[PDB]
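Novice: Each chain, written out:
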Amino acid sequence: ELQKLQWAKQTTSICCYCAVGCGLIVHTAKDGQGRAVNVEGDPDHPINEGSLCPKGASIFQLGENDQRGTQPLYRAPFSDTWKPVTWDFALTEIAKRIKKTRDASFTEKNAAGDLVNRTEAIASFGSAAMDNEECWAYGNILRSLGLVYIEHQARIXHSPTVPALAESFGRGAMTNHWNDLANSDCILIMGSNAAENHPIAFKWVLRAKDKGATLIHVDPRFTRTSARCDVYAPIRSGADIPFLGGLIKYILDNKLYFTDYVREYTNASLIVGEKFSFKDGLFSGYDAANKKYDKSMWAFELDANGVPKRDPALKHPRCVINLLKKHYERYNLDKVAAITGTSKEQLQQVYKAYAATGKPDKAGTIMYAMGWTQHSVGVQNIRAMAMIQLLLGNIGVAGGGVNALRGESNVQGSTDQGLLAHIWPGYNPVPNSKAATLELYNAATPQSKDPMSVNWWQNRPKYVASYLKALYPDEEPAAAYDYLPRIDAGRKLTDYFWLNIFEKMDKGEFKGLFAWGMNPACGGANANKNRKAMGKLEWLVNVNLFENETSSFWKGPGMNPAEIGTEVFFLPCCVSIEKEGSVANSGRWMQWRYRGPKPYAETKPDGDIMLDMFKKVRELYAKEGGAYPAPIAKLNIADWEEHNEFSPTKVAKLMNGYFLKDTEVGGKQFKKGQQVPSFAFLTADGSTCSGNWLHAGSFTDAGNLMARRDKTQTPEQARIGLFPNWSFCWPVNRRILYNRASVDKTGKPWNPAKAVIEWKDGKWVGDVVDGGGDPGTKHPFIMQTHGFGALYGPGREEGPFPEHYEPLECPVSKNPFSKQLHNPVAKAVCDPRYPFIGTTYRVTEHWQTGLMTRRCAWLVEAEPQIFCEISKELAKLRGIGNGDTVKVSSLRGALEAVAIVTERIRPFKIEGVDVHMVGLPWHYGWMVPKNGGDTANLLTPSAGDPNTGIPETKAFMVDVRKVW
Amino acid sequence: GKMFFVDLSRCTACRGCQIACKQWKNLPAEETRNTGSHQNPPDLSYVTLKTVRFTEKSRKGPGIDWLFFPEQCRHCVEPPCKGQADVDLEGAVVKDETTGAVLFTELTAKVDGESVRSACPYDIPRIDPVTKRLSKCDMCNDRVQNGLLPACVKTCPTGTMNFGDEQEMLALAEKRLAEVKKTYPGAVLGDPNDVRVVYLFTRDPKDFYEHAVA
Ligand SMILES: Nc1nc2c(c(=O)[nH]1)N[C@H]1C(S)=C(S)[C@@H](COP(=O)(O)OP(=O)(O)OC[C@H]3O[C@@H](n4cnc5c(=O)[nH]c(N)nc54)[C@H](O)[C@@H]3O)O[C@H]1N2
Ligand SMILES: Nc1nc2c(c(=O)[nH]1)N[C@H]1C(S)=C(S)[C@@H](COP(=O)(O)OP(=O)(O)OC[C@H]3O[C@@H](n4cnc5c(=O)[nH]c(N)nc54)[C@H](O)[C@@H]3O)O[C@H]1N2
Ligand code: SF4
Ligand code: SF4
Ligand code: SF4
Ligand code: SF4
Ligand SMILES: [S]
Ligand SMILES: [W+6]
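If you read the sequences in order, they're chains A and B.
Quick note, the first sequence lines up with residues 36 to 861, 869 to 1006 if you use the deposited numbering.
Reminder that position 56 of the second sequence reads as 57 in the deposited numbering, one-by-one numbering, no gaps.
Calculated directly from the structure, the hints in this document are not laboratory data.
All residues carry an ideal CB built from backbone N, CA and C; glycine is no exception.
Some hints could be false.
[Unchecked claim] So, partial list: chain A residues that the calculated Cβ filter (under 8 Å) puts toward chain B:
(1) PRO89
(2) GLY320
(3) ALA323
(4) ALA324
(5) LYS326
[Unchecked claim] Here are the simulated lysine-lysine pairs, DSS-like style, with alpha carbons at most 30 Å apart:
(6) A:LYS387 - B:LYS183
(7) A:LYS379 - B:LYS207
(8) A:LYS394 - B:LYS182
(9) B:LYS96 - A:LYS951
(10) A:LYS246 - B:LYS111
(11) B:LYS183 - A:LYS39
(12) A:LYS39 - B:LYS58
(13) A:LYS379 - B:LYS111
(14) B:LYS61 - A:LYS387
(15) A:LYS918 - B:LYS207
(16) A:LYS379 - B:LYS61
(17) B:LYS96 - A:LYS244
(18) B:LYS58 - A:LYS387
(19) A:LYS379 - B:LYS183
(20) A:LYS914 - B:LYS58
(21) A:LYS972 - B:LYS26
(22) A:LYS244 - B:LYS26
(23) A:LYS246 - B:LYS183
(24) A:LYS951 - A:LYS849
Please put together the full structure from these sequences, using the hints given.
Specialist: Right under this line is the structure:
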């Protein structure tokens, strides 16, 4: 027996850090009645097999931490101290601030007379750190209160992926999963530092290497990832599209594409209309006044029946594939080498190794994360990756896919629950002011007249209706539709996003902010601006594990509490191992975790905080009346609670959904109260509720499928590591999306040795087939209107093919590919006092703003202070020695850091000039620890994008000087 | 007896092993500062039994050779530390007969600590400046006796850390050396007949640390 674990209860959990979703075992003292005594890896978990990086391995020190919040704290206007208060006081006063602000600000109809039923006086940030049931309940609370300014982390690192991959494949999701990396023949890591930022992923990457895979890192820096790859190829910041365009040209020139896959499964054969053209860096339909394209100019030639015309011979000059060859002919090795800074020898090595996966029985994968996809053409960067993967036949196959790595443990889930201004749960759009009825809302979904096109989104009315029945079960969906707020059709969508929330705050246009499980005082670009802007709030609610730079902005550096009138409520929440619920990892695995220790001191799970807060608002409206009470009074919160507490189980069952009456659907008879077995059985007529259609199948009459810990696999499942009986992934447990592309038109796998699905005895065997139907009877991309993987993607604002537009402004004045230098649908000063390219990135040992990991002595021990990584060349220029203190400065602010002089950073040659890159971690902040340093976001601009609404944190101009 | 096979060709310097060691034993953190390196703590101490040492080596063309060495007691088959301690007092350093772990006891406070550190050809032992007790890696010998992997082995995401019976681990080391040589032609095993912690170095072991090998 081990004395340490004797007498302790063992429970399972999932890591609270990154989207790998590693399994934990928690030991809790007194047979579960005390504190955690140990936290380490779950040896039975199929993703980590008991392994943890230093963040997962230190969760004990995160949870059993005497610096954690113990109870609510209150900061009165102009006060220079916290007052400890009760939960009753804090939540009563918060409910009163919510009601007072809403009653004063609520607008039934906008200027134009359109119903909007909203308040623009309150905004919310957060959070990918909350459980799925909490994220879902939180969004519905905020929308029942009439909020539209609802944002979180996902806006920065997730949002560009969704439309790039949705355009290409029909869904925004990571296409494969972590274990599947072990099946790859060539792994291209580009815009990712996965060995540091998704560390257990390298278990599976190195297993691919063990089976003969080539590992390639393309990064401006040499990292801990680079150390363990076969090929490290340096790339100049923002030269990704040239790199990928050159790979597209290389594939087409050398005939390395998967001909049959391209012909059958991509839109290669579709005939583009004569109105499509490209000349001098501009597509047809360009409006130079409004800096916008008329995308109708890019339409396909339609046949008599409205179906895009196809030439299966691929001969017609307006075939997508021929337009593609013509577009990328400009990306020759010499030009690409010149702009990337990658040698022609290295480009040839990387192109040869990767394009070899165009063989039907070889699979290549691309891994990318946040990288530099922030800028205005990040969507087109990801589009180029998707197009390469479609040319090579790598989509739908084991070891293939676009592995768009999610950041946080539940950023997949928090996005799936619509904690972004433009989406409800399940990626149903937030109505705009012109969607006056539910019928008009539903009218927007494009139809297909191609009987082989599934066009699954035609089912959207069933999902929207079932969502409205989950919120308002006593109401007809058409009536409940009027309860929820609408955004203005007249405004740029980006007016409702992250960066404009900070801009509006700085203009005093918000009364109240929820900083719910985020640290915007450190995580927002241009921290000096945002910290000042927070002082223009009447009230701030911060829900968090620890006191932080956001909760305590009013006593931050250079702040006078006496001059700052913001009322602040700090509500301490409980750590992941102190609560039950689900988190959706990067591979869409919705994994259930359990309470180990009881909540520390008087901390509360987010679900209990938000529900008690909402119940108090509800009470106030019942007593006082006020602005349009219906959305609040009528919300179904009875289904959220059991034994006086927030019930993760009951919320998960509601999110799956259940029949509200006896119902016949798709041949079967269902009884009132039965769980919906899959989204295939949802109705538009009010017979069904479902909080999130993607969750229909996750918690059925069979029980909680997210809680399954069953490693049972068939030989074919085990060969590629599907683990279909381990937890549950949306949609309907399809582990590899687009898997109909992995077989020929008879249902025979392209690679039988790594089969994903196979037609055997009148049935699909292996993975769950992504779209029902006999072999050769359906287009494989069932979420696409037309059914095909899009090489040509005419829904994209920047054009239907990716094109190099310089995301660097200050050091570049020429575009080698056209006369169009910058994104023609997109105010940098480039002050010569700041000659270096500053960039921010992560280290393995710290998490995000470091709010969590700066409180963990073992992580501070390894990475105690903000550093500044520079080349030997820049060190020589500025007379900086390794370990010297340096001042890093920009137009936005200044900080001190320890110099790390390393050959891991080299100068870029840009238009014949040596340009130096300065590297900073963004994990530090003034609150903790002693001499840790402050946020790299003191330096970054709040200049982002009218397209994306995303700040520039990967390339911003700085100076660096030695301090004496 | 038991053996670690540490394949340094697979290490991402995640430092899971460094943290896992401290979590299992509830060891305190050192006061550290960045002096121009990711490496921290800079050395083994009374409260640090394992630290990942980082070394950057120049190479032709882009990037570097970045060498990572998670340092621990080698659990020597014939440990000089014990031979030296046994001068002053037997039972200060013992060998477990079942696992082959070399174990410092509370009686190390009575022996010449400075002398025991000097006897170690890997420079592993560390002295508490208060109690004069010696500390180092104890092979997680209690976990091992209870059929668990050592904390640093279980935590390792890459397969750098391997643990088992000496016969299976020597065979794994031989087989893995042959495979690793295909990528890193100058790969060697560290003192593989003398110790129970057998490192595979991708090149001259002394490039990883001056006491990488005896
Ligand atoms: N240890 C740790 N892991 C984390 C996090 C953390 O804080 N700590 N955060 C999590 C979150 S929220 C996210 S969103 C993800 C993000 O994960 P990543 O995207 O991996 O994060 P970064 O380290 O910011 O950036 C990755 C790499 O992009 C490179 N890069 C910079 N500019 C360019 C460019 O123009 N082109 C290319 N090709 N590469 C470029 C950088 O040099 C860096 O090595 O990580 C997650 N995982
Ligand atoms: N310069 C620069 N800025 C960046 C980035 C960058 O690369 N460079 N990356 C951007 C990206 S991709 C991201 S994701 C953001 C991250 O920015 P933030 O989300 O603001 O970062 P943190 O607050 O450190 O994230 C961890 C938070 O989770 C909270 N938390 C943990 N568990 C719980 C829980 O159960 N409930 C609640 N309520 N909270 C919990 C912790 O209290 C802590 O506040 O930063 C962005 N900003
Ligand atoms: S941070 Fe990511 S890789 Fe590390 S233990 Fe947690 S989930 Fe696994
Ligand atoms: S846990 Fe494994 S990969 Fe990480 S530093 Fe330790 S030995 Fe290397
Ligand atoms: S074997 Fe145990 S004591 Fe030794 S380094 Fe590993 S975790 Fe620490
Ligand atoms: S490495 Fe040193 S401390 Fe460890 S057993 Fe060998 S001689 Fe003793
Ligand atoms: S994220
Ligand atoms: W992120």
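Novice: None of the hints should be skipped; say for each whether it holds.
Specialist: A quick look at each hint next to the structure:
1. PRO89: Hint on A:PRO89: holds, closest Cβ of chain B at ~4 Å, below 8 Å.
2. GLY320: Nearest chain B Cβ about 41 Å off; hint violated.
3. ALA323: violated (41 Å)
4. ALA324: At about 45 Å, which exceeds the 8 Å cut-off, the nearest Cβ of chain B leaves the hint on A:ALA324 violated.
5. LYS326: With Cβ-Cβ at 38 Å, over 8 Å, it is violated.
6. A:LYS387 - B:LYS183: Between A:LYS387 and B:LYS183 the Cα gap is close to 20 Å, so the pair holds against 30 Å.
7. A:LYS379 - B:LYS207: Roughly 35 Å between the alpha carbons, so the hint for A:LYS379 and B:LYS207 is violated.
8. A:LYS394 - B:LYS182: holds (28 Å)
9. B:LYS96 - A:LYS951: violated (59 Å)
10. A:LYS246 - B:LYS111: This hinted pair is violated, its Cα atoms lying about 53 Å apart.
11. B:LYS183 - A:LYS39: Outside the cut-off at roughly 44 Å; violated.
12. A:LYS39 - B:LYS58: violated (42 Å)
13. A:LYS379 - B:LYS111: violated (66 Å)
14. B:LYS61 - A:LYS387: Since the Cα atoms of B:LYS61 and A:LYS387 sit roughly 22 Å apart, the hinted pair holds (cutoff 30 Å).
15. A:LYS918 - B:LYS207: Cα-Cα ~29 Å, so holds.
16. A:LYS379 - B:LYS61: Holds - the C-alpha atoms of B:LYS61 and A:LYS379 are around 16 Å apart, at most 30 Å.
17. B:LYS96 - A:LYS244: Not satisfied, since the Cα-Cα distance of roughly 39 Å exceeds 30 Å.
18. B:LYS58 - A:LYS387: holds (28 Å)
19. A:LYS379 - B:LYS183: This hinted pair holds, its Cα atoms lying about 25 Å apart.
20. A:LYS914 - B:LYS58: Roughly 14 Å separates the two Cα atoms, so the pair holds.
21. A:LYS972 - B:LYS26: Holds, at about 25 Å.
22. A:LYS244 - B:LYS26: At roughly 34 Å apart (the allowed maximum being 30 Å), B:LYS26 and A:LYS244 break the hint.
23. A:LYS246 - B:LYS183: Holds: A:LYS246 and B:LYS183 sit about 13 Å apart, inside 30 Å.
24. A:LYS951 - A:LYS849: holds (14 Å)
Violation of the numbered hints given earlier is confined to hints 2, 3, 4, 5, 7, 9, 10, 11, 12, 13, 17 and 22; the remaining hints are satisfied by the structure.
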